[PDB]
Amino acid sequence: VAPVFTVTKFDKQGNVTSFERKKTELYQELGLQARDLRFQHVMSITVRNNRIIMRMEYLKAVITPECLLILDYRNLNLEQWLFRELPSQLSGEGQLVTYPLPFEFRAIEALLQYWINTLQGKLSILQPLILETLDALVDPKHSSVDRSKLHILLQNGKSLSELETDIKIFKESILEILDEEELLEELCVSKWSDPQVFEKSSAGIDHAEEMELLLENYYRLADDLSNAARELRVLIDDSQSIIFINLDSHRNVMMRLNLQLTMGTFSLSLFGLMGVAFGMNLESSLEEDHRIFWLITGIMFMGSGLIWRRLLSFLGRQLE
C-alpha cells in the first residue's frame, strides 16, 4: 500500500531496465531524503547529495554518476522516446556532443534536448494553425468573420500562452543555474563523487566550463523559442486589431448605404403622403380638371427625386 515509483534506469553503457521501487527503497539507494523527491514544482533543477534531481512538467529525472532514473513515465507516451532515443543517445553516435564528457553531461544534455524538442514541436504545431486562422480572419473581403475559426483561435491562443509560460520557466531555471558558479560546480556530480580521483583524471579539461557551455546553448535555444512565441502573440494582437477595424469599416459602409436608402424612402413617403391625401374618398374641386392628375403625379415623382438628391448632398456635406 506504500507509494512506489515506476523507475526506468539507464546505465552508463546504455542498458535500460524498467521496474517499480518503493519510495523508501529509492531514498535509501539514492542517498536522498523524502523532501528531495517531492517533485512539487512544475519545473525545477537541483543538486542534492551529489544527485541531479530535475522535473520538467511530466518528466521527472534523477541523474547520478552511475546511471539515470526516469520516474512516473507511464501513461505519458514517453515509451517511444525513451526506448528509441536514450539507449542510442547515451551510448551511441547520436546528436549528443558531450560523449567524452562524464555520464551526467550526456544525461542532462539528452534531457534538455528532449524538452527543447518538445517545446519546439509544440510551437511548430501552433504556428501554422494560428497563421492560417489569422489569414482567414483578416481577409478584407469578408463582411463578417467566422466564429468557429474564432473559437479555434482562442484555443490556440490559450495553448500558446501555456507554451510561453513553459518556455519562460525553462529560461528562468537555466539562467538561475548559470548565474551562480556554485550551482554549475555542483552539477558536475561525477567530479565531486571522487574528488581525489578527478584531481588527476581531469587532464586539463574543465567540467564546469563544459556544463556552462551546454547550459548556455540550451538557454539560447529557449530564448529563440520565446522570441518566436512572443512574435506570434504580437501578430495575434495586431490581427485582432485589424479585424476590429475591418468590422467597423464594414459596419460604416453598410450604415451609409442604409442611410441613403432611408433618405430615398423618406422622400418617397413624403410625396406619397400627398398622393394619399389626394386619394382620399372626400369631395374636392379638382376632379373636373383633366391635367391635374398628371401634374400631381409628375410633381410628386420630380420632388421625390430632388429631395433625395438634396438629402444625399447634405449627407456628403455632413460626412465631409
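C-alpha atoms forming the largest set that superposes within 1.5 Å between two forms make up the rigid core. Numbering follows the first chain given and starts at 1. Compared with the form deposited in another entry:
- No residue of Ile174, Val189, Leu96, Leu163 other than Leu96 has its CA displaced by 2 Å or more between the two forms when the core is superposed.
- With the core held fixed, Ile205 shows a CA shift of 2 Å or greater between the two forms.
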Given for the second form:
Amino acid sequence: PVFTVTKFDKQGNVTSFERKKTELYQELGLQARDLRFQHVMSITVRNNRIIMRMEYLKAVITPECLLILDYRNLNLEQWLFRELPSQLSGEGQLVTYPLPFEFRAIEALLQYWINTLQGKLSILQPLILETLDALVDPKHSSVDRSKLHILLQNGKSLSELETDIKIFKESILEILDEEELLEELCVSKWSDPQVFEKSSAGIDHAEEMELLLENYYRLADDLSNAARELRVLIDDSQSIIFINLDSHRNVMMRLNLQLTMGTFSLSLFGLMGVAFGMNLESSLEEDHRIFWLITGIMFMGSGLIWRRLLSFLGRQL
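Please supply the coordinates for the form deposited in another entry, as a counterpart to the form deposited in one PDB entry shown previously.
Next up is only this chain, free of partner chains and other molecules.
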C-alpha cells in the first residue's frame, strides 16, 4: 500500500510525502513485521529504530529524523506543523543541554500523549461531577431520566481512559525495569559509537533516559489516581442515591398508610350509616334523638379509631 509520512529532520523542518510500504522498509532498514502497528500501546526498538504507537499516533524515530505515519483524518495538523517543530528544533528551554535527537523526539511524543490523556480527564471530570452533584440531592422522589444516560456514557469513557493510562504506564515501566531496553533507546550512541562518545559531557546516558521516562511514568501515575478517585466517587454517589430513593419511598409509604387508616376508619363507621339508609323498617325512623346520636358516633368513632390506628404504626416504629 502506502504510508502517509510526515518527516521531521534534526532542525525541525517538516516534509510530508507518500511512500510505498515495501520501499519504506528498505529505506528505514526494517521489516514488514516491525511496522505492523497491531498493538494499541507499544514502544519497541527494532534495529536502531524507535517504533512507537499510541492509539492513532504511529511514529518511527531514526538517528537523524522523526517520521509520523497515518497522520491524516486525525486532527494531527496543529500539533504536527506548529507545535512539534518548535520542540524538535531545540529552541528555547536550555541551550547548555545539547541532547541527541532521539531524546527530543521521545520527549515530544511522550509529552503529546500525556496531554491528550490529561485533556480527556479534564473533560470527563467536570461532566461526571456536575451530573453526580444534581443526581444526589435529596429533594426529589426520583432522578432525572435523561442524566442517567449521561452518567452511563461518561462512566464508560472513564473506564476506557483508565485503560489508556494503565497501558501507557506499563509500556514505560517495561523499558524502565530492563536496563537493556533502556539502553536500546540511545539510538545515536549505537549508530555512532565513536562520534557520540566524543561529546562525553553527560549529554545522554542511562540517567538522562531514565529521568525522562520516569517523569512521564509519574505524570501518568498522577492521572491514574485522579481517574481512580473519580470512579470511586461514582460508586459512592450511587449508593447515596439508593438511600435517597429508598428513604423517600418510606416517607410516601408512611403517608399512604396514615391516609389508609383514615379511610378505613370512615368506612368502618360509615357502614352503620349505610345500614341505617336501607329502605327497611328499622323501628327507629320516628325518634327525634337517634339521627344526631348516630351521626355523632360515626364522626367521633372515626376519629377515635384513626387515633388508635396511628399509634399502631408508632408502636411498629
